[PDB]
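The form deposited in one PDB entry is given below as one chain in structure tokens.
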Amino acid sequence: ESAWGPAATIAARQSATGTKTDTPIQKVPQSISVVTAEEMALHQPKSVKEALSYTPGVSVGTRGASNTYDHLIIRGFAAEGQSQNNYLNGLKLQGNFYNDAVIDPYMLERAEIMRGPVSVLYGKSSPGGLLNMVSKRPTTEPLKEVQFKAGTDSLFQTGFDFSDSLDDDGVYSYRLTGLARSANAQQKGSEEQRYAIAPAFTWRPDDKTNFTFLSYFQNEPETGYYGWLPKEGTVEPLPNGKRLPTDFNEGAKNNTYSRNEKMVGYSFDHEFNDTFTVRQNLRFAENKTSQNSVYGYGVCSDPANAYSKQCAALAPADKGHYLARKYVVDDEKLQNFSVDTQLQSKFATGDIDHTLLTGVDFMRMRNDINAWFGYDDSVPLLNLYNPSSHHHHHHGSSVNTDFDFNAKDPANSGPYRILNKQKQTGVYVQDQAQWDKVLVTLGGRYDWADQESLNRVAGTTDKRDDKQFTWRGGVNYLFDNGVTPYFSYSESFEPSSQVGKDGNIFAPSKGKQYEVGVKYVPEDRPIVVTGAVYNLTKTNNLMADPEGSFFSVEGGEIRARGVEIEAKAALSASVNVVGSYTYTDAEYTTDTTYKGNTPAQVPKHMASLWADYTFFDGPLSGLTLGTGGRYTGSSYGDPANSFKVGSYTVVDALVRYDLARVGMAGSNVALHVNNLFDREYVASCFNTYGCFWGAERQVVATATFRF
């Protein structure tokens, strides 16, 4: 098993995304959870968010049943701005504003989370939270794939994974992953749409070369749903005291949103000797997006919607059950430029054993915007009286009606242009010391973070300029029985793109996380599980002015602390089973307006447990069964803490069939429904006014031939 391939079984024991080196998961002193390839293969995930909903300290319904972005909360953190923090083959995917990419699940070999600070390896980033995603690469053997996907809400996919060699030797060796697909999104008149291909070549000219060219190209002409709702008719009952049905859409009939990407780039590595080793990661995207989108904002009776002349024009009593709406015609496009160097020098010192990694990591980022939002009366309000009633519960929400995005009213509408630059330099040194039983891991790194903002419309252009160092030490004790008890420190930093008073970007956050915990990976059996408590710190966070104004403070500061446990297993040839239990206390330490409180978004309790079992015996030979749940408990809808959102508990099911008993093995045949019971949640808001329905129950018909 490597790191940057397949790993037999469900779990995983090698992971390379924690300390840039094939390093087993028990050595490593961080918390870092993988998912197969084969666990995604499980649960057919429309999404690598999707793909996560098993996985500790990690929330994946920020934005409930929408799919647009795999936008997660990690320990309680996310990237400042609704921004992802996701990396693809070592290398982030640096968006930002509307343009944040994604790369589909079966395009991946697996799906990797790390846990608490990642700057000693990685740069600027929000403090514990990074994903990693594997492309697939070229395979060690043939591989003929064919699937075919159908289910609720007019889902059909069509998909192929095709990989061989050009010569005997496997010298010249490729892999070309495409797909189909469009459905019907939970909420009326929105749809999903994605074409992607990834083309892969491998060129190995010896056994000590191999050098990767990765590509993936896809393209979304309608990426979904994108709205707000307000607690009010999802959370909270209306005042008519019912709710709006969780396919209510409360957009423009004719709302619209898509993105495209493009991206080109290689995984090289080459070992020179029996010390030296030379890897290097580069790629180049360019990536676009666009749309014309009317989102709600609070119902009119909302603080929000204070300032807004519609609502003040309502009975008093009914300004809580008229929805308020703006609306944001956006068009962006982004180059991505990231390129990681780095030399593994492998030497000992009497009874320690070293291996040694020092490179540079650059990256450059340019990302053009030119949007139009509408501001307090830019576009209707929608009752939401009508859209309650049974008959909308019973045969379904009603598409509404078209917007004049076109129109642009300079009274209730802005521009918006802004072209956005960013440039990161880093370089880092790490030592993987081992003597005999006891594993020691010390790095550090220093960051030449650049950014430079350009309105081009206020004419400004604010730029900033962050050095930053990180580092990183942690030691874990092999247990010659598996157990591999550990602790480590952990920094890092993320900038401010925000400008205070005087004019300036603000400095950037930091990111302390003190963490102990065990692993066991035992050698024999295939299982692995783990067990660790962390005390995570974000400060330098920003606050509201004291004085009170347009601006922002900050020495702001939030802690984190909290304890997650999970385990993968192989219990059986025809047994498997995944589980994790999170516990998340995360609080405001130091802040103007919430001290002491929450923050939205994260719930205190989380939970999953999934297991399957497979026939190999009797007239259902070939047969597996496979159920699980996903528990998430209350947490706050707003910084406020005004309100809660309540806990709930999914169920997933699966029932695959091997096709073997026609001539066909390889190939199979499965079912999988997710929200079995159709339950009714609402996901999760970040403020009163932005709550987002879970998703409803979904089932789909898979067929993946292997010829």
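Numbering follows the first chain given and starts at 1. Each form is matched to the other, and the largest set of C-alpha atoms that superpose within 1.5 Å is called the rigid core. Compared with the form deposited in another entry:
- Of the residues checked (695, 10, 685, 25), the rigid-core alignment between these two forms shows a Cα shift of at least 2 Å for 10 alone.
Beyond the form deposited in one PDB entry, can we have the form deposited in another entry?
FYI, this one's just the chain on its own, none of its partners or other molecules.
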């Protein structure tokens, strides 16, 4: 009935991120979720992150109110370094250090999250999973959209989406999506600004051929808050019994953070005859980032400030209500090129049909870093006692003061100049073989992953080339009542970039996952229900030197066993629901300093559930009301597990009015409120000095008009 209904449910039955062939989800041997454009058009997520909010096995809010990155912890793990493991159009948006790129969800057609290992199809990748976003492409029918938004915290967004054919047959079409946004961050003194234009052009010379040029250009002068808060004044009280308020900001007042993104590429597909289709996906990007940032580093009483002179210089009983701060100045610039070429051969073997994928994937990334870091006594301290007042929780925080980012005292501060390079060439093969009600997926990939690192300050150079194989295989049994039981085994690998006591770069870490579960994907009614349970293991995790040095040592091992269930269904033509539940038991299996502990930021239990009700009768016709709940279980705030961050439940809702009924059909007006009950929670902590206030209640009005 309404866009995000079953038209959405069913469009999402289909995917490709999991097999690199266009396959429906019950024929996919691995856990995979899909979120459609109609859905983001309903929910209006600030980022790709919120877009996956009702999906299992993923924490999307770890960093709370910050929006700088779309970082996701999946099935308990994150990538080498805490780097994003994000794809756009099947190709990796490879970043490095603070140079990580994001794509606005207004420019997306869909997003898919693939859980567990997938090196079998993409190369070095985090066990845990990967995120694949898909660019809006030119439309068959015309589209002329203009959208306006006004919200709390001074959000003003203006954007458009126009697509048309240049000929009546449509061999030529384009799309141009753009947006201008600005708001002030939840934290006092921080703002956000974004400018983004995505020009796309499709060429279908006929119907067995498609070349779509995909481009994206984004400028962000200000990215906003990305600071660190002590568990003291957030999770826990300050010695005075109080807390830092949710809008508090430990940074300078002249803290500045910016990103620049430009990309050009294309998606290409050509079906030659009945057995041979070829597709090539390619992209080039040049992205940049800068920042001047003063950041928190815990209270003076925190182990991490043992050696801080401004901290030792205080009354023992004060140490725990004062804040050590550091800083960084960064300038970076990277280029990333990618091409994946694949040949799909469909054919039979008697009563056995095959879809045989064979392809070569390549990328190179270069990132040039030139920064400077304040060490132990590089910046003033802060008394969290004034901040802590009820005055402030009530009449707001107060900006701090400037900070000379140029006076770089060699005393307490240093330069960091690195030039990183990565290359990976992989060849993979896979077959989806179906013999009646059996679908068997199996293939493997081999990778040449080479890196090189130059340290311009030490004038030194670290290199390592890895050579890796990974494979995966599984079966999905297809029952026509709509029941697809499946299971499989899969792997992934990930090079280290760290260097050990012997002056060398450690070896790769690896991913090993056993998964089984079933998928209820009924062809008659608009419902999808999936359930899965899995054993995922990461080996060769870098750990602490059993012998007290400043180097890590390898051989560590972490395990995540878990359960995930997702469910989406139209319940009546006016009621739709979607929701999930996740159970993740993650464990340090082999570790110098932590066997038995669970890793920070990952809850044992999480869940979410959403419902929308649309009204087609009476005088409330074309009025949608929806509301949802997101449950985040308790979690540890440090590898030591010395403390815990608590469970929370945020409630979101909207009311949308289908303007249609005043002529303007296809237009609509909406009102969205996130964290309806304006709850105060700490999102997570990655350590005792690294904590994050969750997002305080937001209100946004959106008017989207279709000419």
